[PDB]
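Next up is one chain by itself, shown in structure tokens, the form deposited in one PDB entry.
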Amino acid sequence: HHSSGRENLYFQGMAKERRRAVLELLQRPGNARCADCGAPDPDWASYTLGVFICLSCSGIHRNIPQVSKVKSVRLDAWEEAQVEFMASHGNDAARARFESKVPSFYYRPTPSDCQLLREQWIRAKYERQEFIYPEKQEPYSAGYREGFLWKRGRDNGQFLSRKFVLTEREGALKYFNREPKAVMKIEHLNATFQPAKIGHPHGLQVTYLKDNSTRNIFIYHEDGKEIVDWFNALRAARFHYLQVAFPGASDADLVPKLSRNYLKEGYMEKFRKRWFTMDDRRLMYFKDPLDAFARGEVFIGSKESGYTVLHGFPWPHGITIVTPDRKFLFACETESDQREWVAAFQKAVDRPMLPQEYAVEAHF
């Protein structure tokens, strides 16, 4: 209440009742994870969208003030109407509203994904409302897309603007030079965002596997939305390709095959320092990360098939890959990296080989 006299001071007190109420909302079904990236235990909120989000996602929400205003569940003071909004909404409600019509092939980011993916996911959902109005999905849903992308020249390392065309009709991605310069079957394409490697926030790695040799192509768009549209157009094209190439296969079984992120990437010594990429069973090494082709490859089969990974030497740390034929020795700078690498190799070893993987092994 107040104080006695002319001063008549108002005293607020320690109640923090409104914060307290919002905190309880975190216990409700659907609110256990960040609405946007899935991180456990969200501690921020957008009070205009009625979602519970992680710290990182809240920073992205702050870039979009016309759509989202954010408060810390604990560290911020709340108004009643704001608490009431959260009470009548939440993450489940936001899924039905903003994630109403998300195509099954559309990439959903996780916490370790790059900023571009996480930001564009939040923007597509809330700002553009892409999954409320399916018209907005045309860029990646038409089965055809063309446009200019900045592509790294194969040996010379310059990124120059070249025309790309993705066509589901012909089942290919192609590009033209300054008849196409290259035509790449969707069967053989993978795409992975690699902003740190490429040194660009919008950097996308497209790989093309032909005749057991993988060609690395590095591209970017000036506009973050346009590059993410390309990414998801690629996924749409793979999905449609896989549905017809493998009918009888469920969409659920097909969706994790659309595009693959690398398990592990980094410099190791082999003693020469090389950049390494672990793409499934396939350990490639390069002189430079942005080389078009691997210097060499090491195949990692199963335990069954005569493959083992070992610590130590028979850089400080050591890893040994024992293949049926030869032994492979690698040096890791640190023990964190050594652990992560070994974990990656162990994942290959612990899994039974497929007929196609035997075909790959035969080559190596």
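Here the rigid core means the biggest group of C-alpha atoms that line up within 1.5 Å when the two forms are laid on top of each other. Numbering follows the first chain given and starts at 1. First, how it differs from the form deposited in another entry.
- For the listed set 212, 100, 161, 112, the sole C-alpha moving 2 Å or more between these two forms on a rigid core superposition is that of 212.
- Here the chain moves as two rigid blocks between these two forms; the smaller block's rotation against the larger, from C-alpha superpositions, is 15°.
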Contents of the next structure:
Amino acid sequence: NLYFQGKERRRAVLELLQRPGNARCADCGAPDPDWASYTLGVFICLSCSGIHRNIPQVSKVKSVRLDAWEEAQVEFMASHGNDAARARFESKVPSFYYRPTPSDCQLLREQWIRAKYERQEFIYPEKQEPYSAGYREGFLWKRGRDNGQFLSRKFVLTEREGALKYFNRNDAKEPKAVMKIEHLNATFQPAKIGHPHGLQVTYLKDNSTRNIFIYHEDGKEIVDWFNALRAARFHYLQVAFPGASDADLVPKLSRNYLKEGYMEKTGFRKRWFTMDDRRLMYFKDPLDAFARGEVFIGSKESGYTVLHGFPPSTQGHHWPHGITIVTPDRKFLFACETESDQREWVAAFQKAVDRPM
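Right, and the form deposited in another entry of this protein, after the form deposited in one PDB entry?
What follows is just the one chain, with no partners and no other molecules.
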């Protein structure tokens, strides 16, 4: 009964999706993947399948449900799969190495797939040296301090000195800037930086917060920089926090910002705000080289409250939608342009409020 034959082959491959090990995209972790690399033997989301197609000499994809399958292809998935791929392709992933989520930028999702399956960095660990050696140097494009032009500059990350440094566009032996690892936070910001490989590096200098904005033409190179920076952070935290587990530390290597955007602050004046964990920073503009100031936001239990609207007898022209933050010592007033802005900011603030000290 050929109908039964066809049906059985179809339900065989579907049943593989219905294995717990295959319940999430192999690459980004999105639930319920619908596609497959029948050459890598993994189940993946639509988005990751699109990336896989761009490495055709490595990965060939089909829809699990909507494409025709050969017995041997189904058999290959059955002998392989996502657990198998974890053991094979993620065998030697360093603890510091950033693993992308579905909301990450394309660069990170793409480079993850390439690192695992193309370059096979976690099968052959000598390939990990760019981000594992505690020393890395190379050229990067850096946004001008006070202008929008990028200049190519030599950067050096040196664990021995606990710093990232760059140099002038000259022969000089002494760096232009030294950025200490202890308070360095690197996040990818392609939208903001206006380059798909745009990396923001934010650090503490002379008890003030500073930003640089850099990129490399090559996706691999920038992502190597990023992971090198994480390595340095990790090795730092390990020293700083004896007895802390890997899991304790890894979430601290770098931190995406809870929320960023324009708000008005007390007259009222528009500033670009950035919520970094418990630290609400502001700037004149997103590409400002320095923080103009900062507000700390502790726990509800520590006397912090987030309230909607403005207090009675608030005066001025402002944006319509107010937020008040009550601290044990002070009051902070903000005005948001829109309600969704307000809702968004309220929630970010509340995240800090709701989290114990």
